[PDB]
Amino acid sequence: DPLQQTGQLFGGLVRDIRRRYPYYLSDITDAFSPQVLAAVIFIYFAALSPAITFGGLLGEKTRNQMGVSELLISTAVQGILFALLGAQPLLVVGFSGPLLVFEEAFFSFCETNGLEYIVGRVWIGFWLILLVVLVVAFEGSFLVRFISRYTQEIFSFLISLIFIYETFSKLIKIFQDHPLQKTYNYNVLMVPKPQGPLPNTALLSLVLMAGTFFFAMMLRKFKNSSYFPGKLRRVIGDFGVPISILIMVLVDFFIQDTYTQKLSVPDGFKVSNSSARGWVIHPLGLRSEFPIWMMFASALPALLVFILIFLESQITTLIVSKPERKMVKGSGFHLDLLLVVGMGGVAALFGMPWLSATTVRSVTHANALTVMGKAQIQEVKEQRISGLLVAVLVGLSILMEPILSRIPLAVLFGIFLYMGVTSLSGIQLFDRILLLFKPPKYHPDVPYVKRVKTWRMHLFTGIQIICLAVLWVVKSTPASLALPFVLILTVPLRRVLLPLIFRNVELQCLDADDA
């Protein structure tokens, strides 16, 4: 087991290398599959869009101190490094909502306190490098031992729902921007974007999304059907999302007059606001002399950023490397943590955003490399090339502007809805949420359906709904940086509060290590 404390300094880190690095020739050769390319194409669009979206939000929020150009380069470099050196290469390292919320907060703080933001982040980075080295030394990734199914399901479900809400909210904004009016203006300026409302924009975006999600779900049904020969059915099934994108990007292309929002990458590989910084950020300061109180006080925001990245990344590794998912090579919690957080700290010196192993992408990436027979899982295509290629392509996104500039965001939203829905598959919580509606006669005949009474099973599912609700309120409120700390409290709940009200026999079956 990786979670056993070796008792020797960097004992986990050594064992995590000695576990996976023998299977490195396999990690390159296991990628020799069309399913692995079909994964790259899908997970590239999954990786790029947030690097464009969050990068755009970063720019307008931080006065272009950090923007799309920075985040595209960071996502690419860290993704390439992690793909090659990671103990679990199926982890997709990218920027997230919690990380955006911090960059917002640290900027807002730096403006009020009159500090260089981009220089301020360099010291957040130096602490993260010191703090991860200190944690990996003493084998602090052994505390991922204590994070049970209970916590993993609540998280995986919360992050999957947030993703679906975020996807739908982006569609609503198009209808809010381009409402269904009786009359419009046709002297409107599209200098940076449609200055005023346009006809046919919002309904076409709705159709483009719906059509993309439809074809994606139908081509998944087709994959696990008894139509057409097995090879052709599998090949077309494996390229479910790539076909769904191609079909509906072509639908958009042949519609001439009507406007849709397209993927807009930067002009070239340039810093977002040269008037505010270069590439390499000087710790002692750029314009004004950087003060000494912040150089030590940076530890507190660095400890917060560490928790955000640790919780998200380590829980993503648990969910991806579950026993039920046929992962033979095995994940290394020490090596993965050392890279993700370590690289993030080094990235801050170059004024680029630190990243995390994002759940929906990592989950989706693993799912894109999972084979199906008869239905159950035979084996997952465990390799470093899919994660590498996605990172390299995100880096090259600036150069391949002509290809991306024709692809609408409407199509991408249909793929995010598919990602959001598909990510719920192997969550026992979601499986038990469906049993609340199903009568007890037509239950799946699994242990917690058999061993535990129907009202006891639904009560346990009831506690996880109450957690998700609290987690969703904490996400909504200004205190959104405290969601990792609220997520941690699910471990006490399972270990202290549940065994009081629930019997152990029920909990062992409901919350099991294997299915």
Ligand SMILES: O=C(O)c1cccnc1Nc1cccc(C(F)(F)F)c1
Given for the second form:
2 protein chains.
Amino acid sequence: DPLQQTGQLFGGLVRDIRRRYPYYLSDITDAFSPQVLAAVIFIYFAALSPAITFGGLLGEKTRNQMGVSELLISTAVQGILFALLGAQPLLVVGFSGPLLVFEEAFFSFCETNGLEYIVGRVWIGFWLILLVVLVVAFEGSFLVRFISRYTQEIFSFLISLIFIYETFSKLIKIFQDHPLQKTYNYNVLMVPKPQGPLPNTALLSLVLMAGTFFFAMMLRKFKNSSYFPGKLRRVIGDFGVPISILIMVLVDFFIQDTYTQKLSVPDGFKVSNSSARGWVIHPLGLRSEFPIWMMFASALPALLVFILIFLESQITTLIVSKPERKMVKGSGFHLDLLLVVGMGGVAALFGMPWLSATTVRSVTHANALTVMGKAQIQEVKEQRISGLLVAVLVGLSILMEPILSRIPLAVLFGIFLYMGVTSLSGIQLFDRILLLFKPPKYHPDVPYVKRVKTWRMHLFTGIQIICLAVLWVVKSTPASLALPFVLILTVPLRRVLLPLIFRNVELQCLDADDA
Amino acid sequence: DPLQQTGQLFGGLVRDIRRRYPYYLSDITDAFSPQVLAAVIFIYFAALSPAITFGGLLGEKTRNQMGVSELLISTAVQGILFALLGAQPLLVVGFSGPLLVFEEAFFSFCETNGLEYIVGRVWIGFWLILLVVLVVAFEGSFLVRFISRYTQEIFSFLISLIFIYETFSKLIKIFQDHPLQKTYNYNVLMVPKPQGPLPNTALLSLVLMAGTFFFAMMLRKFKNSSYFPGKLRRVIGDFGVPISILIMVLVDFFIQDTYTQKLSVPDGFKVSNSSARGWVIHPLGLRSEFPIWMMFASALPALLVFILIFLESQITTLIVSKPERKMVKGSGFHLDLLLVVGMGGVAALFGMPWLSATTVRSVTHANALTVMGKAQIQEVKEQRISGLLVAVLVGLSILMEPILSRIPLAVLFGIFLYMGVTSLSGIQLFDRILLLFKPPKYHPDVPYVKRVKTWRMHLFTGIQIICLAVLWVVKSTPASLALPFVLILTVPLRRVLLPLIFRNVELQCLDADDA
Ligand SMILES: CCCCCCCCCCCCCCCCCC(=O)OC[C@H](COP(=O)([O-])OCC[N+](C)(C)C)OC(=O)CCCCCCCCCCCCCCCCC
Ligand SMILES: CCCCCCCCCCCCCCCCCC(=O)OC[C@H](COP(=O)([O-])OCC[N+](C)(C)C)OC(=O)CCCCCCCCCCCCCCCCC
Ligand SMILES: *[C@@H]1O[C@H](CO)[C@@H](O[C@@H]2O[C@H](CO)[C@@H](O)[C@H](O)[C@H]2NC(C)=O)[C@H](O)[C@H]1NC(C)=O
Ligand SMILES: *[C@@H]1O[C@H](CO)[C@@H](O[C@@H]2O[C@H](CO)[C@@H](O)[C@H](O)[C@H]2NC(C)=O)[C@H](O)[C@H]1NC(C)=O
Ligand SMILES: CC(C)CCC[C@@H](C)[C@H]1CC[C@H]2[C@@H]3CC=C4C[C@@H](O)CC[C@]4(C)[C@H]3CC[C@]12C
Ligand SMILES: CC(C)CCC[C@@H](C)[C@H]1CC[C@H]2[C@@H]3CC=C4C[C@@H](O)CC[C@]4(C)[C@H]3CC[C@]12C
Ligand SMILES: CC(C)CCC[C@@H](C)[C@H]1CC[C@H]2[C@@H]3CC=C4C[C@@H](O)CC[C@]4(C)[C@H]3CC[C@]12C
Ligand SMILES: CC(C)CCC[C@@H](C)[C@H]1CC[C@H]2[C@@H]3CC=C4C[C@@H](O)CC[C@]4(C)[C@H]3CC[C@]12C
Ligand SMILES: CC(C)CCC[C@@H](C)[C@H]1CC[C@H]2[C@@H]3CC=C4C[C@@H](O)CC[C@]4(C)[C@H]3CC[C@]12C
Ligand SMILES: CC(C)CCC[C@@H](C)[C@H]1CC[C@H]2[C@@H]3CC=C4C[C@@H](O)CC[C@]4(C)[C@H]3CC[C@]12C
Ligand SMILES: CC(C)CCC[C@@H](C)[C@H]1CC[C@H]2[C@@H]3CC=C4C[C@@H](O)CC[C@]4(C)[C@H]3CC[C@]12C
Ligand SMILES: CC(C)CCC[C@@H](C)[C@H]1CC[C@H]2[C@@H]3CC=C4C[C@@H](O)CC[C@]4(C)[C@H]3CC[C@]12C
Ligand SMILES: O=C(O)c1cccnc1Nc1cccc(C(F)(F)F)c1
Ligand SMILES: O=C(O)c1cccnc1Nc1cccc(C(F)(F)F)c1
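Can I have the other form now, the form deposited with the named molecule bound, not the form solved without the named molecule?
Full assembly next; the chain just shown is listed first.
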């Protein structure tokens, strides 16, 4: 198994290298298939748009200390390294809401205490570099084995709901910014962006979203359909999202008059605010002499940042490398936790954000490479060039501004909704949530339906909604960085309370390692 | 069989009365089911909107000689009579494109020759009253037996394509009338209707259409799905279009600012133009003494009007009363042709327009009453109160203006697109057109796939497209009232050329009476 206690110091790192690197030729040569090129295109727009979204949200909140340029270079650099060195290349490394909430929370603290933020992270980085090596030394990444399906399901579901919620709030914002009014003022500037509201902007956006999501779902239906020859049907199905986007991007191109929000990158490869910082950030104070207490008190935030990246990256790896998916290569949790956290702490030195292995984009990347037949899984295309070319494109995103400038965010929102529903494909919790509305006569022929009672099977599914409810309440409240500690409290339940209120035969059936 | 030559004078009319009228108690008492009330609501909006559409088109073209008021009263009066007296009440009687093209063509002639149009039709009416009785006397409605599936298929398909084409051209017209412009003038009157173009009108219409059609198709998918209890799932599925409309009508109600075209009826039960005509039209000239040559030369148009109504109403009756549909009551072609044409010729006397039995609304009405199980057909709800209550509502359409005034045409266009695809459900031509794109390995297990060769089976399907192509070309060209003569030339092919180029075993399999 991958999470066995070796005992020998850095045995978990070495066995993960001894596991995957013998298959390094297959990790390059399995990327010649056309389904992989279709994944690169799909996952590029999946990887880029958050780097633009979170990039803008950071700058706005951190006064350009770290913005779109630093996140794009981080996401590009760490992505290329992790693509070439990672134990699971299908893990797409990038910046997340969890991290966004920390950066702004550390800034808000740094301004109050009179500390140079871009410097304060370089210390947090050194502790993340220290803590990860100390964990990887004692094979602490083994603890992944104790992360059960139950928690992986709650993690798989909660983030899928958030990614869907964020997508709609992104469309709702266009109706708030450009409401359906009887009259509109045309004496408004459009150089920075529309100052006041405009006609035809918000409904065309809705149409551009609804159109792309439609063309996405129909092409997913078409992929595993009976129409057209098998060779042409799979190619069209594999290039589903690329065709979905291309159509609805051309739709808006031929609408000359109507404005709608496009993709926005910086002018070139420059620091967001030259007055604030440089490329390389000095630990002992860039301007004002940095205090000695924060140089050692940065461990407390780093312990928090570690957990956020750990429980994000590792649970993502469990979900992406499940037995039910045909994962021939395997997975290395020790090397993945080392790289993701290690690169992040080093990235802080250059005033660029530390990243994690985000589930949706990682899941989406695997799902886009996962083949289907007859339906069941036959062979999941496992290689590095997919995860590499995504990071390379996110690096070149600033240089290829003329191509991105004609792509509406409305079109991208259609694909994020598709990614949201596509992520819920192989989640037994969602599949059990479906049985809540189905009558008991029509339930699927699965062990947890046959061997367990229906009224008890729904109570388990119900207790996971009690978790999701509490998990969603913590997300909204000020104490949002306490979510990892509430998510890791999920294990104690499945280990004590659930067994205490259930029969062992039911758990094994309900919560199984494989199907 | 229904179309047997009795020989005895009016034997075909009497046997159709002796057929159905013993089941007259079941023709009332099968309308207590909730699926029938759902059909009334659906088919009302299906029956009304064309009475508004074609009414406006007549008035516009005939200078209010016959407009929305006369078509609504005709469609109401003839509908109630035919609902109570008809051999097949599922036939929804109303005005069609075929008739629209005649009325405007007879007006265009009447103005040139200096003839009172509203008077000239009263003569055409007398010949329609004469010709139908002469046909029903010799059981001429028997000729229906010779109308093969091949022609019924071409008829079923061509009209379904037209009804879909007309629906989209109705949406395209909103984008022509309210284009996506950079600027809009708000110094425009809205009393008659918007004079110049407006913002948010065209895309909200598109959204209102796309929304209703979505909610229609998902509820049709939900109807024969596994979710929710069987008692509640069928009710929601049966009231599919009523719920689809209700949602998207409320959507637009809560949009205060944005204009979009609503349902428009006249003020009250009045003649469209009091200056032109009255209620009852005098045959020997209302104002100017009507010429004696037109009193007898009105037979030539009446012969044309007869054929248009005959080939519309009878082929509709064959399609609605096919063996594959569970039609327990049966059908009477002699009594249906008598009423539809007889009432029409009498309706001309009051300047009101003559109607036909239109296929889509008749098919839609049967399809809405046709139940599904497991899928296959179990029992088609055959009754009169459905066809009655539709005509009663179309009569009350002017009185219930405050309810219709809040219903957008955009919402109705969603339902006409649903009706368009719903009409193509049980058509072997469409089902064979699907096999054109399917590979030959995946073709359905049906006699005409098993017993006939695939390459020969597609050539038959291909020759029907050669017909549809020619049929569609005649529709566009000036000689549009020659379509019935090109449609009745379909029989000679299936009778001579097709058998000449095919093997008898193939025809029986391809062109079968039952499945
Ligand atoms: C199970 C399916 C149910 C879902 C239903 C809806 C599907 C999702 C939405 C539609 C798919 C994407 C199409 C986007 C087209 C954008 C139209 C537009 O505004 O731009 C062009 C233009 C916009 O104007 P314009 O400004 O570009 O005009 C160009 C010409 N100049 C510039 C000179 C004025 O619109 C049109 O011309 C009208 C076309 C409308 C598109 C037709 C769709 C009708 C909606 C009903 C249902 C649609 C399909 C149903 C799905 C299943 C199929 C059986
Ligand atoms: C089978 C797979 C594909 C089929 C579905 C194809 C996708 C598009 C379907 C077209 C119809 C849209 C849904 C029904 C009608 C609701 C829209 C409406 O009128 O309100 C929007 C309204 C109308 O615009 P509005 O904001 O002006 O509303 C009025 C409010 N004022 C005037 C005050 C500003 O906009 C919203 O508020 C947006 C919320 C809805 C977001 C929908 C985005 C489209 C994404 C697809 C959703 C539906 C498919 C999901 C299921 C299929 C597969 C899982
Ligand atoms: C770029 O950095 C400069 C400082 O190097 C920022 O200037 C500060 O602005 C904040 C509020 O915006 C003030 O509270 C500080 O007093 C300013 N400090 C100095 C030294 O000017 C500036 O805001 C930053 N600009 C951007 C791009 O946000
Ligand atoms: C109502 O009927 C009158 C009476 O025919 C119509 O008046 C005619 O108008 C047309 C052109 O619109 C002229 O060619 C005729 O010379 C007019 N005749 C008379 C006697 O006035 C009038 O157009 C009709 N109005 C409506 C509602 O269309
Ligand atoms: C040295 C620290 C601060 C740098 C961070 C990376 C650490 C964890 C890396 C760098 C070099 C690595 C060592 C390189 C070689 C070997 C020999 C092998 O037979 C056992 C593992 C061992 C001993 C590795 C353990 C992990 C290691 C110490
Ligand atoms: C312009 C932006 C918004 C969209 C970019 C999408 C582009 C790159 C996508 C959309 C459709 C794609 C094509 C779809 C199918 C095939 C056939 C395959 O045998 C080779 C690749 C090829 C030819 C793809 C190349 C990439 C492609 C052209
Ligand atoms: C194809 C693979 C190997 C590379 C893809 C990403 C490349 C193009 C990106 C990633 C990070 C980028 C660098 C980031 C920062 C700087 C500093 C600036 O003062 C000059 C440009 C320079 C040096 C950039 C050049 C382009 C760069 C190297
Ligand atoms: C915060 C909110 C949304 C919590 C929602 C939890 C819901 C879905 C849970 C809580 C209790 C659960 C119920 C507990 C017991 C039973 C009885 C059984 O015979 C059928 C299922 C049924 C009826 C469950 C269905 C799901 C249920 C209603
Ligand atoms: C005015 C007449 C001549 C032409 C119009 C015929 C109309 C009114 C129809 C409708 C009802 C019909 C009658 C119904 C029943 C019968 C009984 C049958 O054993 C002989 C024919 C006879 C008597 C029919 C003759 C034609 C008839 C009278
Ligand atoms: C206002 C316009 C646009 C829409 C009108 C549609 C109305 C009449 C439709 C929409 C949904 C329908 C309801 C749907 C389901 C049921 C349950 C059934 O057991 C009795 C009828 C009843 C209660 C229907 C009555 C009619 C209804 C309310
Ligand atoms: C419920 C069933 C029986 C009837 C439904 C339709 C009714 C309401 C319609 C159909 C035709 C209509 C009539 C058509 C013409 C006129 C002439 C006008 O000068 C007064 C109203 C009057 C007399 C209408 C009254 C309402 C009416 C009788
Ligand atoms: C005028 C335009 C619209 C063409 C209309 C007729 C078309 C659809 C017809 C004419 C001849 C037909 C082809 C005749 C023979 C074959 C060989 C068979 O193994 C597959 C179908 C195929 C390839 C047919 C497909 C449909 C076809 C191309
Ligand atoms: O989802 C948010 O907005 C959020 C914000 C702050 C902290 N945690 C958050 N949630 C969240 C989402 C995914 C993974 C994780 C986890 F890895 F830390 F467990 C947390
Ligand atoms: O559909 C048209 O545009 C049209 C116009 C004039 C005559 N005939 C037409 N077509 C048409 C449509 C359905 C049924 C019939 C028929 F019944 F007359 F055969 C004709």
